[PDB]
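Below you'll find the structure, written out as structure tokens, and then a few comments.
Of the protein chains in this complex, one is absent; all others appear in place.
Think of it as A, B and C in the order they're written, each chain with its own count starting at 1.
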Amino acid sequence: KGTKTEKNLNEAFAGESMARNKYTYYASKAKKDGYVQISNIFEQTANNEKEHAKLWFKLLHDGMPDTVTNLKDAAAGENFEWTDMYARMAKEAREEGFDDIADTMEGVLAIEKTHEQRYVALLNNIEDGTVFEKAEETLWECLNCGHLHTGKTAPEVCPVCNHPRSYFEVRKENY
Amino acid sequence: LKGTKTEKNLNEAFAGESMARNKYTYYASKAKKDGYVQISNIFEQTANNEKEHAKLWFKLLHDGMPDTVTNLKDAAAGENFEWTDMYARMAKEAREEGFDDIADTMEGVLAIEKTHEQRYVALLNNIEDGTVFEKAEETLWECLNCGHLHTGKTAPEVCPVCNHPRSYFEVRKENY
Amino acid sequence: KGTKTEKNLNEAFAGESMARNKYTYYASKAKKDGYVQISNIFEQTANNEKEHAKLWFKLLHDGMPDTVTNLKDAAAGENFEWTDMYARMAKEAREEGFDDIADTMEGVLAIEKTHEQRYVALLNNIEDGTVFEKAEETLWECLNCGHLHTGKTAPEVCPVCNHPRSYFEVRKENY
Partner (left out) sequence: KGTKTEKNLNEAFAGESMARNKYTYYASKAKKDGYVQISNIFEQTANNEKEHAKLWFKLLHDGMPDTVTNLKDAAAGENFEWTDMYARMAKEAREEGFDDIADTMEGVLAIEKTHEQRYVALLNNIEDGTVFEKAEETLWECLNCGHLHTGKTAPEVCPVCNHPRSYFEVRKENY
């Protein structure tokens, strides 16, 4: 929009998200310190700030975009994390003596790249129509009840809990 | 540490990562409504990952995790800056440009942050005065774990029902 | 009304509910024992048993009754708890020298008594029509964004987050 409110909403979206994080950590510390009600108040306040940022976020994007656009924005944001920000952050820390901090910025840098690879893989499934369909028969699992359906395609409706198509994912047994 | 560009950078990555946590929460929400439960769970999974990344930079800027007595003080000052300065400037900045409803929302949020500080200073007052688990007045206490009710000036040392300590006791009110 | 399936359905709801409680304690014990993945497996299994019990519950109740019917049912089973079951269970524990746990059963008995009073008070609020209306000017709180409103009635729509009247409650400030 090129308007001062546009930059204000960006500054308002930040900080409001920083307040959410700060109050989530304070809730965990207050519980360890022996204050359960204070912990709940920190977390109810953390949820209040979560909803304030949603107002500014929905104004900067004219509502809430669809999952295809959301995956495209997240993949571009995570790519910026490990190619620009966390990279440049590590060099400036090493030029000042913060070796240890620089090594931490790079372990987090390696994680954001795995976030983009995951995000691009999910976006490719929507564009290729392979979200609920495989080129070879697989094992599907229902996130609602756990019903297993072997098939080249996912069921339209789960035959147990009657939940729709969205609740089916490729079952993994990583143990 | 302080005065360096690393602080600028250490403070910056705290943002963005905190900003990424909310997007992925909104993105996870929009995913269920679009018909993608796994993509919803993956978005939320990534959000909590970014939640812990920001904790690393937050503890570096605060020399670890401060105690609760300081946490309530910093939270009170953080919300004080919100309603006396931050959201007050954008209220008039948005009104002098035509967005009357955007400033009205910012003014409504400004009043909410004011109640956030008043709530925080009252909780910090209860710790510094020693009135978090004891009143000079006979009050009705409730155990947040099991629901045991206890009448008296002091909260029970241990809940006699579920054997939970004094922390799970708050001052009970019924608001309906 | 008198089929073995009705008992089977009634009995299946009990067993699935016990397993949901069993796996929530197992998840906490595993997370303390040093197994986050095993703790996570215990958690989603309990959610599966929660959905299995939901299938049998909706059959015995012919769908899902509304909140007014659910409140009358919640207050009924709660009255049966502290006037019949836990009272009979306590006197039988004392007849076997189990005085330590008979005091616990009576401690839980008093809690279920308070839960009945909470449930009747809410149902009375729906009947008389004082959920979002009060005879005095009260202070309303938006459970989504935190907006505070003064007056006899809650706002039809929150003027901050634009959420309906359903998110409003009397502010307690219990500290």
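Quick notes on this structure:
Keep this in mind: a contact is a pair of C-beta atoms (placed from the backbone, for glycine too) under 8 Å apart; a residue touches a chain by one contact, two chains touch by 3 or more.
Screening C:104, C:138, C:153 or C:174 against the full complex identifies C:104 as the residue touching the chain left out.
From the set C:30, C:145 or C:161, the residue in touch with the chain omitted from the display is C:30, counting the whole complex.
For the options A:22, A:147 or A:163, the residue in contact with the chain missing from this view is A:147. For the chain left out of this panel, the touching residue among C:5, C:124, C:130 or C:162 is C:5. Although one chain is hidden here, its contacts on subunit B can still be listed: residues 38, 42, 46, 49, 52-53, 55-56, 145-147, 161-162, 176. The missing chain lies against subunit C, touching residues 3-5, 8-9, 12-26, 29-31, 33-38, 40-42, 45, 48, 50, 52-55, 57, 59, 64-67, 70-71, 73-74, 77, 81, 85-86, 89, 92-93, 96, 98, 101, 104-105, 108, 111, 115, 118-119, 122, 126, 131, 143, 164-169.
Where subunit A meets the chain that is not shown, the touching residues are 104, 107-108, 110-111, 114-115, 118, 121-122, 125, 145-148, 159-160, 169-175.
The rule we apply is simple: only the chains that are shown with their structure count from here on.
In this structure, the chain pairs B-C and A-B differ in their number of contacting C-beta pairs, and the larger number is found at A-B.
Computed centre separation for the pair subunit A/subunit C is 31 angstrom, with centres defined by C-alpha atoms.
Our note on geometry: subunit B versus subunit C, Cα centroid distance of 26 Å, whole angstroms. Subunit A and subunit B, compared by their mean Cα positions, are separated by 20 Å.
Under the contact definition stated at the top, the residues of subunit B that touch 2 or more other chains are 105, 109, 112, 116, 119, 123, 170.
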